[PDB]
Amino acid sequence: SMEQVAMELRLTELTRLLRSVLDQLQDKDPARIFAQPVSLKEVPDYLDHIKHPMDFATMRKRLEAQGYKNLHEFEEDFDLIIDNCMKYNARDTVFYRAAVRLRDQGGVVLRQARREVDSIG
């Protein structure tokens, strides 16, 4: 149907906007602490601690399959990146500190992405 196509076009446009949002957020992590999944070879107990691991590569795989239906879904995954890190790592670590900086900086980007996703429908 033409309606299904129109909905597909909206999903595609959302996907384009989310790809740019994701690039911008990832630039706020120049150390690449959040680039890839935590390795179970190197942190074999990780899943005892953290129930829903997340990282930028995994978000990127989801995005390219047009797997985010709305910005809320995408922000959920971003918040998991930050929130997992701040639970697993202590306050006095380079990891926790990188999460705080990503959160603070990413908040700016997301504040305007919310306006763009609303505004452009």
Given for the second form:
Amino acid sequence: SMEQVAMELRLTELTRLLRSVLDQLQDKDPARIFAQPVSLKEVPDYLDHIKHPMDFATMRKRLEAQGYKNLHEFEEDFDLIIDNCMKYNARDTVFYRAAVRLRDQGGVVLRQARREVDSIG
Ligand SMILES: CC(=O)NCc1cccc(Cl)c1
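Write the structure block of the form solved in complex with N-[(3-chlorophenyl)methyl]acetamide (8U4) for the protein whose form solved without N-[(3-chlorophenyl)methyl]acetamide (8U4) appears above.
Entire complex below, previous chain first.
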């Protein structure tokens, strides 16, 4: 149907916007602490602690498969990256501190992204 095509065009445009957002958020992780899944070889007990692991590479896979239907779903995954890290790692670690900085700097990006998704529809 034409409606389905129209829908798919919207999803494609959302994906385009979210790809820009993801690039901007990952730029706020210059240490690449969140670039890849936490290694279950280097941290064999990780899944005993964290029930829903997330990282930028995994988000990017879902993104390019057009797997985010709305901004909320994308934000859920971004928040997992930060929240998982702030539980597994103590306050006095470069890991926890990187998550705080990513959350703080990311807020600006996500604030405008929400306005853009709304405005453009
Ligand atoms: C994102 C995150 O939580 N990283 C913690 C961590 C993973 C692997 C090795 C060390 Cl030393 C630390």
